[PDB]
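So the chains spell out like this:
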Amino acid sequence: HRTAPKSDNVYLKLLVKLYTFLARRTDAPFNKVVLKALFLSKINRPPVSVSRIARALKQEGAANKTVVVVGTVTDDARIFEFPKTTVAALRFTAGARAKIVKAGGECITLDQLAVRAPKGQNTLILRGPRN
Amino acid sequence: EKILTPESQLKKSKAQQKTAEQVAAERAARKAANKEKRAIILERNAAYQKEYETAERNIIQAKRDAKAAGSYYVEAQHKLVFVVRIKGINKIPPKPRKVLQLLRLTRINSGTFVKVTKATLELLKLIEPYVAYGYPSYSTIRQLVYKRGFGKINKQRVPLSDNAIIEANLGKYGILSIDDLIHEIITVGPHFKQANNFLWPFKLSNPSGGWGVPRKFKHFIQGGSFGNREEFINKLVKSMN
Amino acid sequence: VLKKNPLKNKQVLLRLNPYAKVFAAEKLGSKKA
Amino acid sequence: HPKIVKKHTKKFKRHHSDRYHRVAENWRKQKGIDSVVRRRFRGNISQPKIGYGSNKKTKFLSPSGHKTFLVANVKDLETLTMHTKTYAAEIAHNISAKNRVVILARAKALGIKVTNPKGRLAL
RNA sequence: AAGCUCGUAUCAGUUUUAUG
RNA sequence: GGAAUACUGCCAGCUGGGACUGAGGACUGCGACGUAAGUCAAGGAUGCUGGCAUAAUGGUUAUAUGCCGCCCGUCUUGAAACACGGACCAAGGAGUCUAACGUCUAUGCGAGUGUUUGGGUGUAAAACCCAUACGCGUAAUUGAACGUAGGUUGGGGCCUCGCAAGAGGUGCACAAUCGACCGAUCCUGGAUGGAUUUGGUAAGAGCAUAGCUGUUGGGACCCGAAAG
RNA sequence: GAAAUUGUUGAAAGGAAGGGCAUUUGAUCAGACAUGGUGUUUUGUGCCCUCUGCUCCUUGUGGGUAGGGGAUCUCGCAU
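Quick note, the sequences are listed as chains D, C, E and W, same order. Just so we're aligned, residue 15 is where the first sequence starts under full-length UniProt numbering, counting upward by one. Just so we're aligned, residue 4 is where the second sequence starts under full-length UniProt numbering, counting upward by one. Just so we're aligned, residue 312 is where the third sequence starts under full-length UniProt numbering, counting upward by one. Just so we're aligned, residue 6 is where the fourth sequence starts under full-length UniProt numbering, counting upward by one.
Calculated from the structure, these hints are not laboratory results. Don't take every hint at face value.
Derived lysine to any residue pairs resembling SDA-like cross-links, with alpha carbons at most 20 Å apart [to be verified]: (1) E:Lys319 to C:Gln146; (2) E:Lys342 to C:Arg60; (3) C:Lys219 to C:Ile92; (4) W:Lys18 to W:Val42; (5) C:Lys15 to D:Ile122; (6) C:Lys150 to C:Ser242.
Between the sequences and the hints, there should be enough to build the whole structure, so can you do that?
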């Protein structure tokens, strides 16, 4: 089992350090899933398009359930009515960031999401397709 | 002015005090529970000793009555046999090696308790040249459990030195003391398999007085060391222990 | 940190089995039938 | 401190390091399959292995009980003020005798043990 | 070597019963 | 008739002698002694004594003593063996570079990506920017929104119920089933209605650079042969 | 100015030598300018008591530096 991040980015190392403590001291499996995903390689972390988030936000009660992505969020011109919601991801593209902000939503980092939801209440983790 | 304490320090102190106010009460609760558990263990041990004494006295009385009555008394077949590995890993044939592995006999001078059953009899017959077995007594089982009894805490090997260790793992089945484990080992209860698997395979040293016979690799009935040594298995285990 | 061996060092033996005191009260082993 | 148990005091020597002059004493593992040393037959030179590992609590500690620490100048020497008992100041071989006396004076002032005092000096 | 699920009912150079 | 003794086994019975071991490093716990204070052999040696600065001890090497050890590397082969080379020493000596095609890892951007063929600039082969084109992908069995650009069943995860076991609600990727347009089988007669499987949309996931690593051609890990 | 190699002095050992485990003997090398720490008793000093000043910031639970008066003095040092 992958136990350390191969990425040399110090910020990702700090995120891993925080998430390990959160998972070990909280016991909530939500932190464990994010910590495990943080070790996934770039090929194993496909981007999640804003269209994917918008279509996944049709889930019941998803308006108040902040969506979480462990990879990168990319813009999508195929849609024009992105729901007003908060999205948390490591990196947000300029187009995706503008679309999310313009729609009245907000974009936050993983640490901000963890502080807001230490136990992961109402969280929704999305994973990009591999096929 | 008086330097005020840091707000973070104040919160930390308040949290520590709140946690200690519960830890202190939990300590007293644990002490009371330990006292009650010790009393229960004492009464259970007394009951087990009484049961063993009554059983042996009844067996002896039945034998004497049968002798006096001019009849034959068929003693109950032993339902528990201990097995010890006598041969090394080298050159062991494949099927006997697999049988020994299934019996947790991974090294020489190691043994475990095996329930006597119709199926296990054939398994024992299949590994006679490599293992010596017999019917252990209460004293031998108690000595083994006390001296080389190790508990398996879900992945590992832990020495059995406290009833709390047994209770934390075997307490699910009502076993809360070393005496309870010994009773469940000598008597094949419903939870015999769980107790047997919980105990780590015994690591026994070579006999203090030697194996006696000049050659070990022979049947015990012909001056050897393996095979059925029902009565002498206790002596062999005690010498090895 | 160190495994105390029962059957000796009576102090540890009593911890494992509180009935050992009652056993030693009459020695529980020379009972006459 | 814990006893300094040296698992192997004898210096390891390469096979045939003395039979032929072209073979350096520096240890080198035999690569040939037929080599007896590689098979560690009885009576052959001992082969270094993980077993001879020294314990951490006594690793790198000299018999005097102080760890060696190379010192180049007074600035380096002053760093051992808080670790005099555990560390000892060792003067480098390239230090001129002019600075050696000054370094020794500071070591004595701070009480830092010197592994090789009086080197290049005369009384 | 790396990704999914599952630590579960997944198996066994082991044995016995039933289908000859 | 009755003692015993002989033999097997038990003692959570008692009592010595001999050898090694002293590991952890302020208290957290299981236990015993005692009405309590306190003590203890109870999760690892405590105290005393004896030798010492012309020290005590330890270290390097020659021989010697009890025992062991066929001469080094390569290839034959299933083996041991033959054999191939080795008089000795200082220096020299060998999977290195390049072009294409890939996996994995890391970085930047991201449906965009690649400044450096060049132009501007310049403390000048240094350093810093990009107007126009260009390679890649961004969609094709003509064209894919009617719907999570899909119903149902599982599915990391989240929420309510609950002290737990567990119940209910909601579900990314992924898997099974069945789904929508639009074309070929193969009918039907240039269509029409469709037989039963068909390959896309399904929902972008890609572009640039750094590292190990694989294949091919270049001298290709190094040395060497009849020839033209 | 090192080896292969060669000659002398010394030690050792003698149809061979070479290496490993443990040790005696012979030769020989290291083996603290460590000379302390604690409480008490005289005396002289200062950064020590008191009076009078100057100077840096900011402003602060400070720093630096002067001129008059003594051994209430162990606050440190030296005896």
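Against the structure, the hints:
| no. | hint | in the structure |
| --- | --- | --- |
| 1 | E:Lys319 to C:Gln146 | holds (11 Å) |
| 2 | E:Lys342 to C:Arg60 | holds (12 Å) |
| 3 | C:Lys219 to C:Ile92 | holds (16 Å) |
| 4 | W:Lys18 to W:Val42 | holds (12 Å) |
| 5 | C:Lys15 to D:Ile122 | violated (29 Å) |
| 6 | C:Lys150 to C:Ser242 | holds (13 Å) |
Against the hints set out earlier in the document, a violation occurs for number 5 only.
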